[PDB]
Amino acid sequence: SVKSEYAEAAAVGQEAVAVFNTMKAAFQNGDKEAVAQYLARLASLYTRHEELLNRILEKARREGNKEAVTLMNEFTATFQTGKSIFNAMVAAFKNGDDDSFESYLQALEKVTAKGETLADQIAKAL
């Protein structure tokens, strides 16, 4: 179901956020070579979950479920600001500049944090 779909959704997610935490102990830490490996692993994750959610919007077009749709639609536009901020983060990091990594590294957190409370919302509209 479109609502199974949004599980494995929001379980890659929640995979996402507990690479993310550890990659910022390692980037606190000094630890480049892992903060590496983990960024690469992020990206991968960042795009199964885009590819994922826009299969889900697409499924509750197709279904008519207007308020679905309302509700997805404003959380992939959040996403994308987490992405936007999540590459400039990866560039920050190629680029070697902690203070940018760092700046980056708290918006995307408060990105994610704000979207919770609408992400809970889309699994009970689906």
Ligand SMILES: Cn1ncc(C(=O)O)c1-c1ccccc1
The other form holds:
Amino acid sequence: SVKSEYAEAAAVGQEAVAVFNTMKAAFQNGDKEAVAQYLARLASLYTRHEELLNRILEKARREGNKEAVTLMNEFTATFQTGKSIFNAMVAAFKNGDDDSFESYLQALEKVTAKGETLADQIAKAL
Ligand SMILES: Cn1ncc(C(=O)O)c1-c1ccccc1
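Since we've got the form deposited without this ligand here, give me the form solved in complex with this ligand too.
What follows is the whole complex; the chain from before opens it.
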């Protein structure tokens, strides 16, 4: 079902959360080789998550589930904000701009924390 498909999508998002927090520790410790690998892993987790969320939104639309479509449109929009900040973080790492990396890291944390009440709403709505 679309609801179980969302819980799977939710688990992929939580894998990205776990890897992200590990990466943040590696950044603080100056272990740039670990960071590089974790950023590659995160990119793959975010790409997967994004595609899964699109399939869920499209299914909700086909089912005529207006409330779930509304919430998923809002949630996917916020997802794109996090993704843009993530991509900027990756660029800051490439460029060796630790100040920008710290900034973007904190911004990505706040954007993700804000989107959580909506994330739980969607589970109930599907
Ligand atoms: C509860 N829930 N349902 C979907 C998601 C997601 O990130 O897709 C989440 C979520 C997971 C970790 C942090 C914030 C939201």
